[PDB]
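There are 2 protein chains.
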Amino acid sequence: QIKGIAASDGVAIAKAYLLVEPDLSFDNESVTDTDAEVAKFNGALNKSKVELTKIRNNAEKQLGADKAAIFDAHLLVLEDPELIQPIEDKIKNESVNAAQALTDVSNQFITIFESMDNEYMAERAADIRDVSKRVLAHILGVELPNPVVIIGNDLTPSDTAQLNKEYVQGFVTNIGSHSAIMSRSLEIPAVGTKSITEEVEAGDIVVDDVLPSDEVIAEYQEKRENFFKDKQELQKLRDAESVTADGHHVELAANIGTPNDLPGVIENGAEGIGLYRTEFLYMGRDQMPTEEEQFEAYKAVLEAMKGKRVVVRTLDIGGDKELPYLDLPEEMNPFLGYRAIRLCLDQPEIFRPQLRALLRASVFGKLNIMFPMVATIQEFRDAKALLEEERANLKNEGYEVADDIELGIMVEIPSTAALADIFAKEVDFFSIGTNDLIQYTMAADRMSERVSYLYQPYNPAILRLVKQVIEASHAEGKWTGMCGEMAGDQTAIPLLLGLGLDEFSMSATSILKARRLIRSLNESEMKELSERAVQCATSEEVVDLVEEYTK
Amino acid sequence: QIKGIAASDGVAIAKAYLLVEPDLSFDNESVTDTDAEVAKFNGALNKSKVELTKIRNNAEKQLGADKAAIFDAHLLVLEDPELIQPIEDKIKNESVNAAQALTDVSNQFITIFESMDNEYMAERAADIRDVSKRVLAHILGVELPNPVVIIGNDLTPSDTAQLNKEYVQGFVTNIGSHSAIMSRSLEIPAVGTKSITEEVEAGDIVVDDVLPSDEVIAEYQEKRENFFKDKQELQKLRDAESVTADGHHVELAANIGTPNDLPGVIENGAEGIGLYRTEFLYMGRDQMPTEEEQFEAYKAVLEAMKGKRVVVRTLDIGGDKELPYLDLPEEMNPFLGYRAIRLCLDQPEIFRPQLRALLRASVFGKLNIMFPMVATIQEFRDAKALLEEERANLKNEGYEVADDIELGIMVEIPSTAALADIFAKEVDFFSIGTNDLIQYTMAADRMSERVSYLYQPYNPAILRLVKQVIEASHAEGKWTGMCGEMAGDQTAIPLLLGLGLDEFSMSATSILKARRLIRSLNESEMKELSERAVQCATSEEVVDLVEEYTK
Numbered sequence: 012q013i014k015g016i017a018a019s020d021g022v023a024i025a026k027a028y029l030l031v032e033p034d035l036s037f038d039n040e041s042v043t044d045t046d047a048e049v050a051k052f053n054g055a056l057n058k059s060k061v062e063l064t065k066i067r068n069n070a071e072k073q074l075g076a077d078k079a080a081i082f083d084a085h086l087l088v089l090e091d092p093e094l095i096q097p098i099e100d101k102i103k104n105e106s107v108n109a110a111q112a113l114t115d116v117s118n119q120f121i122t123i124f125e126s127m128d129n130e131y132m133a134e135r136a137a138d139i140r141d142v143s144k145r146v147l148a149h150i151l152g153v154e155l156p157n158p159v160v161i162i163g164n165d166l167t168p169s170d171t172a173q174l175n176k177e178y179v180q181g182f183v184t185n186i187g188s189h190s191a192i193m194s195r196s197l198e199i200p201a202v203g204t205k206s207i208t209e210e211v212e213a214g215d216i217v218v219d220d221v222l223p224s225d226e227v228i229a230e231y232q233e234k235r236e237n238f239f240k241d242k243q244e245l246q247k248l249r250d251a252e253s254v255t256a257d258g259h260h261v262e263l264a265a266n267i268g269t270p271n272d273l274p275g276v277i278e279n280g281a282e283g284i285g286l287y288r289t290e291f292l293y294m295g296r297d298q299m300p301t302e303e304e305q306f307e308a309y310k311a312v313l314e315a316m317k318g319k320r321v322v323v324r325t326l327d328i329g330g331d332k333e334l335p336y337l338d339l340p341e342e343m344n345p346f347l348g349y350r351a352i353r354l355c356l357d358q359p360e361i362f363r364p365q366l367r368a369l370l371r372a373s374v375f376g377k378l379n380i381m382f383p384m385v386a387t388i389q390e391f392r393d394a395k396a397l398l399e400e401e402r403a404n405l406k407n408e409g410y411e412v413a414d415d416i417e418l419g420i421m422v423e424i425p426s427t428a429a430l431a432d433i434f435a436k437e438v439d440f441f442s443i444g445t446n447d448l449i450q451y452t453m454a455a456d457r458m459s460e461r462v463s464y465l466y467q468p469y470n471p472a473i474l475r476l477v478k479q480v481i482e483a484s485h486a487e488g489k490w491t492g493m494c495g496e497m498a499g500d501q502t503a504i505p506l507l508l509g510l511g512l513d514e515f516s517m518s519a520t521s522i523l524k525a526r527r528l529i530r531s532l533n534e535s536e537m538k539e540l541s542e543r544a545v546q547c548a549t550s551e552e553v554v555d556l557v558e559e560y561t562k
Numbered sequence: 012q013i014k015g016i017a018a019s020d021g022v023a024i025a026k027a028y029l030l031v032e033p034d035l036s037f038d039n040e041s042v043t044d045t046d047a048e049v050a051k052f053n054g055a056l057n058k059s060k061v062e063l064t065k066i067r068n069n070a071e072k073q074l075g076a077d078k079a080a081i082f083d084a085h086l087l088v089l090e091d092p093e094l095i096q097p098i099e100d101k102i103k104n105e106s107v108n109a110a111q112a113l114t115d116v117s118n119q120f121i122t123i124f125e126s127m128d129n130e131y132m133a134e135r136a137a138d139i140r141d142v143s144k145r146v147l148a149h150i151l152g153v154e155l156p157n158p159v160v161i162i163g164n165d166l167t168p169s170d171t172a173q174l175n176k177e178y179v180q181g182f183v184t185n186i187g188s189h190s191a192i193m194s195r196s197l198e199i200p201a202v203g204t205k206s207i208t209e210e211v212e213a214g215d216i217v218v219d220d221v222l223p224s225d226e227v228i229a230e231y232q233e234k235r236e237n238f239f240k241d242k243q244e245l246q247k248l249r250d251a252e253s254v255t256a257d258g259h260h261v262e263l264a265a266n267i268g269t270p271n272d273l274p275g276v277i278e279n280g281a282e283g284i285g286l287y288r289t290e291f292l293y294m295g296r297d298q299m300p301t302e303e304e305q306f307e308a309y310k311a312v313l314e315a316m317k318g319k320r321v322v323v324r325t326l327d328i329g330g331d332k333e334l335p336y337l338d339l340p341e342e343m344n345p346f347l348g349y350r351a352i353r354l355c356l357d358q359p360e361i362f363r364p365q366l367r368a369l370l371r372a373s374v375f376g377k378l379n380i381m382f383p384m385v386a387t388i389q390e391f392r393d394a395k396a397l398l399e400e401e402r403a404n405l406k407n408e409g410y411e412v413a414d415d416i417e418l419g420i421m422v423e424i425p426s427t428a429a430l431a432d433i434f435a436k437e438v439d440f441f442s443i444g445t446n447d448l449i450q451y452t453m454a455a456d457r458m459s460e461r462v463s464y465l466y467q468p469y470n471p472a473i474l475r476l477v478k479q480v481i482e483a484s485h486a487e488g489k490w491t492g493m494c495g496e497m498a499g500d501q502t503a504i505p506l507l508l509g510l511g512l513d514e515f516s517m518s519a520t521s522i523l524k525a526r527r528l529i530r531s532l533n534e535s536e537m538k539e540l541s542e543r544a545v546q547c548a549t550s551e552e553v554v555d556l557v558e559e560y561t562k
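As they're listed, the protein sequences go chains A and B. Using this note's numbering, read the first sequence as starting at 12 and increasing by one per residue. Using this note's numbering, read the second sequence as starting at 12 and increasing by one per residue.
Treat each hint with caution, since some may be false.
What the hints assert, rightly or not - DSS-like cross-link-like pairs, simulated, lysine-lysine; straight-line CA separation at most 27 Å:
| no. | chain 1 | residue 1 | chain 2 | residue 2 |
| --- | --- | --- | --- | --- |
| 1 | A | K240 | A | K538 |
| 2 | A | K242 | A | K26 |
| 3 | B | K242 | B | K176 |
| 4 | B | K436 | A | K538 |
| 5 | A | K26 | A | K319 |
| 6 | B | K14 | B | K72 |
| 7 | B | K26 | B | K240 |
| 8 | B | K538 | A | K436 |
| 9 | B | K332 | A | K332 |
No lab work stands behind these hints: they were computed from the structure.
Chain A with its partners taken away, still in its complex shape:
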């Protein structure tokens, strides 16, 4: 029973392996029948060759290709006549046994090859030493490791590969890395010991380190069908609908910041993209991104989502970021200054390329465009007018532009929530960016440590502003989404459901667990939780109410 119960999964229950290198010690004896001694050596030699030729071929046809070149090198050594002949001649002319004959001759090679200090000649001496050990073991009749719950002294980042990952089930508990690496990589169990070298015999274990009992072999056995159970039923929801137990439907979209995030979107079952952050196109470069370059990236995503909603956020950046082209002064409170839509409306030369590209990409999918940092109705109107201006420009140039592009704002500035009903008439949708709404509403820097205690996503104040935005959009027949981390928060989800949020958008690695929660919930019950939640005074009271309705 050791520790280090991490690095990988749990519950293994298999045999063993013990990669401990056997005792290949021998006494330098003298032989009577040298011919027999030479045949003995030649027999171990060939046995080693068929062994290697089996290891090689059975490494490529599994999971090697490039891992199968060390064995061909191992094999090349054994074909070297300048190695074999000296051994045989020693057996004959010196009348010593094969074991020492092999060792003596191979040692000389090891000696000469390491004193060359070449990165390869030291590799050669390493191959000789490695294969010489194989023949020698055959020569002495000692069965050595080769391709169960593996267990070894150290952590070989080369030895742990020979075995077939298939039968290589269970775990691999050593004693402290090269072990904890493939531990989680092979998706197996682990459980960094020390005195594990004296556990069970060669027969044997149970990862989770228990080894055996034959009694409590049922507890962990079903505890395994509890680990795979969750992971399986979870991924099974990949295509399942996002519906509450009582039939209430919601959409679970993903937040991405690059077309490279697309694979994670599909493998998690997102129902669309609620936030396509576009800063990656502008940050880390010396020139602004061209219309054509942005077009390609918007179109790629629109098309890849096959008609699913894709909400692109126009440039949301300010002076606190590098940006060599463009000259943004220092600023005392950048989060309260010249940034996002303020910068874009003030510098249309950086905004037009983005709007033209979006407009052009709109024909390849279901595109929604949202503006960040809008504080006033006139700012939305100016942005929209500029979008319409380039719309007309694109048509007079022959380009096709989708006519039903929904325009919204990302609610983050409190004044925007205070006027929800007014914006709800001119806008097509709202998307609550709680990361910044919490910040501005609590007047606490989302990145500051000294005041992080005021960054309260569950505070009644936040819930109330979220509610008036949602209710304001529904009254005008529109919808409201959320792309702030809150939307993927297990504690917030129950509340958002009750409040009536239409679409939740989050990192792809959260949709599944979120879909699970949403299914095991009653909207009628969540609605009640939210009505009381917005009547609380503190965040703690809100939390207590959520742990209550989600017992």
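Based on the hints, put chain B in the right spot on chain A.
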């Protein structure tokens, strides 16, 4: 008709003065009756002395005291025998007239005294030259200036004082200072000319520069009874109530930042102090202010207001300010960080001295304590608990502490407005600090130029948050005040009245004009203006509605 119609008031209509130095040129003649010529000189000498002795005495008994020492010096010169005798001897022995005799002898003195380069010997030569000119004028029979609408070539910061400020009514239009200074200082009119030296004769003007017409002398005459009319009826409201034409009562308090602001509070008719900023006690020093020092300053004001409400704001400061004692890190967005109540609750060693002093000072007047930057209900509760803790401490030490000290928060963080109804139960009052509420609600730095266009006090969003705070306090039987510049804004006042704000607090120099506006208004009509105002979409629409209801 010149220009420069500023520097002072308007509408004068008086005589003239023309301080132009007369022509004191004379021809060096020869005299027959030297005795008569000496008596002539002696006659001008004595006439000058009684003239000066009159100027001296009639300078102290008016507005001089320290201005009456130049004349005694002027007089001391004329008593100097080393000056007189040489003149007389010249008249007798050289047989030349007094004019040249005086000039010649005085010149020598001027010569000798200026070549000494002393700051005083040059002052002596200046006195001689100045008084020598007086005798000489008498000697030639030339009436010179002495103590109407003054007019002169230059701007003498010494000549313009001889005349009695009483008869010195009207203005003083020169040609370009030493003129524009006392222009507004004497509260007279002005109207920086150039070719004004050739205006009206010695008889004569009308400041406002018209001079005379005897026809349009009625227009400006009543236009004067329009200037003094406003200024008079305005100060008459010093003791008048702050009531709307239809009987709605409100309080007009003052905002101060030091006991030295007290005189302006009384002379403007403030009905109390709505904001006593306490930063002055902490800024610009190397040690924190002691309890005793703060006590003295709070008590002084409490007592001086004779039972009128005095709302003290606890320390409202953050890292963006010097503050040598205390160590506040750099911070990227200080307005969104460690400051005000956040700093005080985190460093009670700086907060307790302030609360103890306030508690102690409470027995000398009607004190209200309000906390700044409160964002959460728990922050108010923690501040209150700490106040109660020192309350108990002070009583167990023998100090007296008023039991009815009202506790409130300065609403500036949006979350605070979103939860108005909750705070309205635990707090005694609210005081809207619109300077920062506008900033956080519009997410625009109150001090930043590039985004000042978003600092919109009349934006519907701001009006709505103000309204929900006021309505929330009234429902709990409490009151709401406002100390942001908005409360003293002529455009905002009509709206605040309609919204039902109980107390307006502003710089003392605004209460009068504000009281005027409030009186010439119908609350029932203002209430209607506000209901529509909170239904607008833009600031411009709000403004248009105010110019409409205040035609």
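Hint-by-hint comparison with the structure:
Straight-line distance between C-alpha atoms of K240 of chain A and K538 of chain A comes to about 31 Å, which puts the hinted pair past the 27 Å bound. This hinted pair checks out: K242 of chain A and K26 of chain A have alpha carbons roughly 25 Å apart, not beyond 27 Å. A threshold of 27 Å between alpha carbons decides the hint, and for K242 of chain B with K176 of chain B the separation of about 20 Å falls inside it, so the pair holds. With a C-alpha separation of about 26 Å, the suggested pair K436 of chain B and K538 of chain A falls inside the 27 Å cut-off, and the hint holds.
This hinted pair does not check out: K26 of chain A and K319 of chain A have alpha carbons roughly 49 Å apart, beyond 27 Å. About 36 Å separates the Cα atoms of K14 of chain B and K72 of chain B, which puts this hinted pair outside 27 Å; it is violated. The hinted pair formed by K26 of chain B and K240 of chain B meets the criterion: a straight-line CA distance of about 23 Å does not exceed 27 Å. This hinted pair checks out: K538 of chain B and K436 of chain A have alpha carbons roughly 26 Å apart, not beyond 27 Å.
Taking the CA atoms of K332 of chain B and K332 of chain A, the gap is near 25 Å; set against the 27 Å cutoff, the hint holds.
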